[PDB]
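Student: Spelled out, the chains give:
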Amino acid sequence: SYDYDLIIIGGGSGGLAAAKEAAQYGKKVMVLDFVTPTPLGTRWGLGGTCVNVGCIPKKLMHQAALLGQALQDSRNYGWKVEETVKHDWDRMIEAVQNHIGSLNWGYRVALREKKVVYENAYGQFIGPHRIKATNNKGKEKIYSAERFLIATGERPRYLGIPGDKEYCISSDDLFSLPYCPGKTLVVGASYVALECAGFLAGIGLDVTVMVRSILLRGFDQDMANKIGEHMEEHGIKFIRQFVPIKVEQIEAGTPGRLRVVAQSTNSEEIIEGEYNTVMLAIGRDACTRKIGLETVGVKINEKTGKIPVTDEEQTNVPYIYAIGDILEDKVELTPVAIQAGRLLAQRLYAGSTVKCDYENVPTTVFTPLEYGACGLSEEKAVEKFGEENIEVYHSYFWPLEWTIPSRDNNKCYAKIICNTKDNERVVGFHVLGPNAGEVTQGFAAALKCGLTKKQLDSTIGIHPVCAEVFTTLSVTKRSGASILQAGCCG
Amino acid sequence: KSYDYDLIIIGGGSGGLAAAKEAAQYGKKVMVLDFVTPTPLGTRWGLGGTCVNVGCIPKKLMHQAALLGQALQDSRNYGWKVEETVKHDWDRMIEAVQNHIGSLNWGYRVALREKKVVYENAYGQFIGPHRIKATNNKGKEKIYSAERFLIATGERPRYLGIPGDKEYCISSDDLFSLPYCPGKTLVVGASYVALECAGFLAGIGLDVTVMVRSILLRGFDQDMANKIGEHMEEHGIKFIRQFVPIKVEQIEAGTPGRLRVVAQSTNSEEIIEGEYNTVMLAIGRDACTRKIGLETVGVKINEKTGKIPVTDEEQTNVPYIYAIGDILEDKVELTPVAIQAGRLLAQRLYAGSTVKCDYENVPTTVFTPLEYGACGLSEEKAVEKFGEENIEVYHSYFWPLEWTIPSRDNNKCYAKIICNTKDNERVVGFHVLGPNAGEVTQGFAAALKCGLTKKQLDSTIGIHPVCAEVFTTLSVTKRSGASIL
Ligand SMILES: Cc1cc2nc3c(=O)[nH]c(=O)nc-3n(C[C@H](O)[C@H](O)[C@H](O)COP(=O)(O)OP(=O)(O)OC[C@H]3O[C@@H](n4cnc5c(N)ncnc54)[C@H](O)[C@@H]3O)c2cc1C
Ligand SMILES: Cc1cc2nc3c(=O)[nH]c(=O)nc-3n(C[C@H](O)[C@H](O)[C@H](O)COP(=O)(O)OP(=O)(O)OC[C@H]3O[C@@H](n4cnc5c(N)ncnc54)[C@H](O)[C@@H]3O)c2cc1C
Numbered sequence: 010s011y012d013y014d015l016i017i018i019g020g021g022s023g024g025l026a027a028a029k030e031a032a033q034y035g036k037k038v039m040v041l042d043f044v045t046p047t048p049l050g051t052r053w054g055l056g057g058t059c060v061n062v063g064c065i066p067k068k069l070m071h072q073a074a075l076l077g078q079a080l081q082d083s084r085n086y087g088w089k090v091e092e093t094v095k096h097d098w099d100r101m102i103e104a105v106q107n108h109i110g111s112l113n114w115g116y117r118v119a120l121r122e123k124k125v126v127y128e129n130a131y132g133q134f135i136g137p138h139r140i141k142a143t144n145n146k147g148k149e150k151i152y153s154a155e156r157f158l159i160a161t162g163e164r165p166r167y168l169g170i171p172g173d174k175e176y177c178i179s180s181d182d183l184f185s186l187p188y189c190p191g192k193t194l195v196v197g198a199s200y201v202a203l204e205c206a207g208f209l210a211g212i213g214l215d216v217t218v219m220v221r222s223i224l225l226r227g228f229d230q231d232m233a234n235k236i237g238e239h240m241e242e243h244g245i246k247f248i249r250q251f252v253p254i255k256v257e258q259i260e261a262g263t264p265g266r267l268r269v270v271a272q273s274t275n276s277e278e279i280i281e282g283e284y285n286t287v288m289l290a291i292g293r294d295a296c297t298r299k300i301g302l303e304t305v306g307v308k309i310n311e312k313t314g315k316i317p318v319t320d321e322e323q324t325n326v327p328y329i330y331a332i333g334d335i336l337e338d339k340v341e342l343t344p345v346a347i348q349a350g351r352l353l354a355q356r357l358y359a360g361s362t363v364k365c366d367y368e369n370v371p372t373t374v375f376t377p378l379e380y381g382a383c384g385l386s387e388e389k390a391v392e393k394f395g396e397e398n399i400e401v402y403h404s405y406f407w408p409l410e411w412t413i414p415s416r417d418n419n420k421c422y423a424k425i426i427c428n429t430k431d432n433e434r435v436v437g438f439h440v441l442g443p444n445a446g447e448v449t450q451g452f453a454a455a456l457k458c459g460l461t462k463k464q465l466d467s468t469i470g471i472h473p474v475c476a477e478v479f480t481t482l483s484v485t486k487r488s489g490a491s492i493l494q495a496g497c498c499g
Numbered sequence: 009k010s011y012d013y014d015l016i017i018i019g020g021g022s023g024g025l026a027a028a029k030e031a032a033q034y035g036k037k038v039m040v041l042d043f044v045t046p047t048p049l050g051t052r053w054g055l056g057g058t059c060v061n062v063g064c065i066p067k068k069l070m071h072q073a074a075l076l077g078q079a080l081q082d083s084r085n086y087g088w089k090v091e092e093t094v095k096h097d098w099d100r101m102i103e104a105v106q107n108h109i110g111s112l113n114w115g116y117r118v119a120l121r122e123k124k125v126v127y128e129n130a131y132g133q134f135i136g137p138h139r140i141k142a143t144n145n146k147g148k149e150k151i152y153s154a155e156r157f158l159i160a161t162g163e164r165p166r167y168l169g170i171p172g173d174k175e176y177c178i179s180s181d182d183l184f185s186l187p188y189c190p191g192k193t194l195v196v197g198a199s200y201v202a203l204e205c206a207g208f209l210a211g212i213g214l215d216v217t218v219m220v221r222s223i224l225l226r227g228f229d230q231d232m233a234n235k236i237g238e239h240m241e242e243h244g245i246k247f248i249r250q251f252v253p254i255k256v257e258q259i260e261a262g263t264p265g266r267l268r269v270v271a272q273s274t275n276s277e278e279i280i281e282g283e284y285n286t287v288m289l290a291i292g293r294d295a296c297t298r299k300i301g302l303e304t305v306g307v308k309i310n311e312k313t314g315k316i317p318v319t320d321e322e323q324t325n326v327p328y329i330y331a332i333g334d335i336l337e338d339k340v341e342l343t344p345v346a347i348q349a350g351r352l353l354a355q356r357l358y359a360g361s362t363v364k365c366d367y368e369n370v371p372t373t374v375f376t377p378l379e380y381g382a383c384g385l386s387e388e389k390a391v392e393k394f395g396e397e398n399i400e401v402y403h404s405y406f407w408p409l410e411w412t413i414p415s416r417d418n419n420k421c422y423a424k425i426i427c428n429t430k431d432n433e434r435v436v437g438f439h440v441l442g443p444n445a446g447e448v449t450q451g452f453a454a455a456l457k458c459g460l461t462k463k464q465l466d467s468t469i470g471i472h473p474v475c476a477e478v479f480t481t482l483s484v485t486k487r488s489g490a491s492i493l
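For the record, the sequence lines run as chains A and B. Per the entry's author numbering, the very first residue in the first sequence carries number 10; after that it's consecutive. Per the entry's author numbering, the very first residue in the second sequence carries number 9; after that it's consecutive.
The set of hints was computed from the structure by calculation and includes no laboratory data. Hints may be right or wrong, so weigh each one.
In silico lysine-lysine, DSSO-like type, Cα no more than 27 Å apart, as pairs [claimed, not checked]: (1) B/364 - A/430; (2) A/299 - A/339; (3) B/124 - B/148; (4) B/486 - A/29; (5) B/89 - A/89; (6) B/37 - A/89; (7) A/463 - B/463; (8) B/89 - A/339; (9) A/462 - A/393; (10) A/192 - B/308; (11) B/364 - A/420; (12) B/364 - B/308; (13) A/463 - B/339; (14) B/89 - A/123; (15) A/29 - B/463.
Could you put together the complete structure from these sequences and hints?
Tutor: So, in structure tokens, the structure goes:
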């Protein structure tokens, strides 16, 4: 009957996921993926945001920044290393890209092998069960399928001020930028902002951060402030309550010099500075407005852009589904989108009845001092249950590996939120410290089995591991006791 | 009725000091005895216990130096302009290590002081009911009495019983303070301690060799163990299987000297010889329960092994004497567990608590060049408890994103979980071999305290890009028999 059994628009995380999973159950599948260039004209291969301008690139650069310190710790452990080592940006970028490349080509083969058709083209709906695929050279083509998957994902959002698109770079441009961005400026307080401000500073670049309001909106604010405080204390510069209003090229080059003017958010004050680069990280917009959603009947939320869907990842149009960052009121993370896409393909062609659960999803913001969390924030939690039925156990901690180099003591920190009405159930987990991601995974798994404080205490901790601090948490926030060492060094 | 103290603790160690403090917190008169008998080579250390002085701490820390070496090589491909090979100054490391333990020593001291607990740097020995004889360092003695006692003496490195050992060989106790690059080293044994040390020693450059009687990590998942060895073998360390030394002769003394080690195979009667700069023994530890006067008071210990039997309340056969820690019979020989037992006892005793310390499913990690943490049943011991037909094994390989750029050891790391099919595919065993293994495990161990199941695990979303996430999507089983390369 139709051309294909399933067509996937967007070769992204949840894209390629459902693709392979659907292909696995002998269906005819076609994935179309096309990457519209960035204002400065940046392009990249198959894979998605995570692979080319997200997780992968982000985390790796974070690595180079962490290795930086490791070089500086290595000294006290006895390694004869120079007081200050230098860093070659062009060598780094290159390496990073070389890997993304392999990831690209890998995914390609991955589709080939699973007998899935990949078309490097932009897709838009023209009418029921029909889609318009436009390639790079311009030549179009039409296809039809019994069902459709929207996995287009979003893109970096700009300010709408003089000079941005023209002189500023975004997360897309960065991971491939070909020059020491030199003194940089990061406009925004997002995880992306912070992690990037984060590794750049960690490579030695002079870094400044411009914040409209709060840090990490949506995250435990207490944890956030701490991240900031750590950020400030280790080099990063912060300007609070200031949005830029114009970016002016004082000279072009690799890099150039630029003047950024900004207007405070609470007064008439205006300030000016010149930096070598300016990256904007103030949000990202769903790529749902230019695909033909009218010509097929999809109701999205024209206001925000996200797509409302059902617990089966189904739109309002029974043969058109959407999974990923584009969904309305969900979780914008790769492993999530992949579970959705995988689970869908199963729900659909395998008789599965399992729905991708979006409750209590773990995360990790890769700031200089990582911070992973799972479950409710302190605030959100209190709000849901009421300050009297919620207790918070917290503590600081110092990583054994940090004693010898003798740095940052009483800087790492942990806390869990419990619901006294429900057997002191662990509703929220929060840790700030190294390798926080590794530390969090499993506790998330614990939440899926209803961990409780009694049960947590019953656990014995590993020693000496950062993660063990959760097994022995005796101090409550409400009791009001203090949390510090009777030595205070670091 | 009426005694000197309310509670006496023999042994100022992990569980010792733990119980000391928790009890003092409930207004009891406590006294802690801790004394360190020298090693044959004559080394001694401060308050604290094995962990702090010749164990966890020094061990991990040196592991760190070993790991930082790697970091120094990785840093290259990430953009840091460093030399092709950097040099490591042992003396300087040892020093750093020692300087931290001190603070730990003195910290505990103060810790007790402020908590109003009495501490005497003396050897304790029971002389009769509710009475103990504390001999100090210069030999002066003194007698104390208490309504209850706590044994927390823990073990010590065991020796072979062959010519040359106590006289030319070192143990874990001697190592972490050795005042000289051990040079070509030989580590006799295949215990975590053995491999761990052999591991970092090899990691800072030293020519390392390991001699094994039989298998590696007896007691551990043998599959996991092999992978640890095969990995150690792959990154420097040299092994010699089925051979125990029979004599160690001094070819010359020095800092360090040269020594000959003569060994006899176990499968034949062949005999080999080699000379190394030092020779460390990691063949076992023997509880210190033989010389404290346990006869004089009524304590029955298992004279065979050394451990002490006790109830599910860490109570001995004598109602007023309790024991916690490495010296217990059939339990768990790790620091956190001892600390829990001590803490929980004090509470069960003097605070009306009724909580028992659970020893089932205790997480642990071995800090070999390639960390390995595990929780619960091994595969073998697992099968053996439920039967090959009721146990399914999911496992995967994985490659840490941080390893990609430096381009190394791909398909070395490895995960694995054991489920009991007859019980909602419950997770009965967790095993991971990869970096930051401990961090990764901790939480899963807490998952087990809540009966995590494979359905539930699958319903968990992973963190990206984190090593840990590998356990959120395990599709392959060992029984199905597909591949993972
Ligand atoms: C800087 C940064 C760092 C991040 N770090 C992390 C992290 O560490 N961990 C984490 O879990 N998540 C991270 N994320 C989020 C993660 O990248 C996304 O959640 C994930 O990539 C979304 O998967 P997706 O398929 O829904 O969207 P995508 O991965 O972006 O897939 C979308 C693809 O579809 C293509 N496409 C769009 N429209 C069309 C069309 N009309 N026709 C054809 N093709 C089209 C696009 O070109 C794109 O390549 C990060 C994001 C950013 C920006
Ligand atoms: C190399 C090594 C590495 C280890 N690594 C780890 C690890 O990473 N994680 C982990 O959890 N565990 C580890 N352990 C085990 C851990 O050290 C023990 O489980 C823990 O120290 C036991 O606590 P304890 O109080 O029962 O024994 P101890 O800590 O040894 O306390 C015993 C103290 O009592 C003193 N004492 C003995 N007899 C007398 C006496 N008659 N009078 C007065 N004082 C006395 C001793 O001198 C000693 O200082 C390691 C052990 C070694 C050897």
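Student: Could you work out which of the previously given hints the structure breaks and list their numbers from low to high?
Tutor: 6, 8, 10, 11, 14
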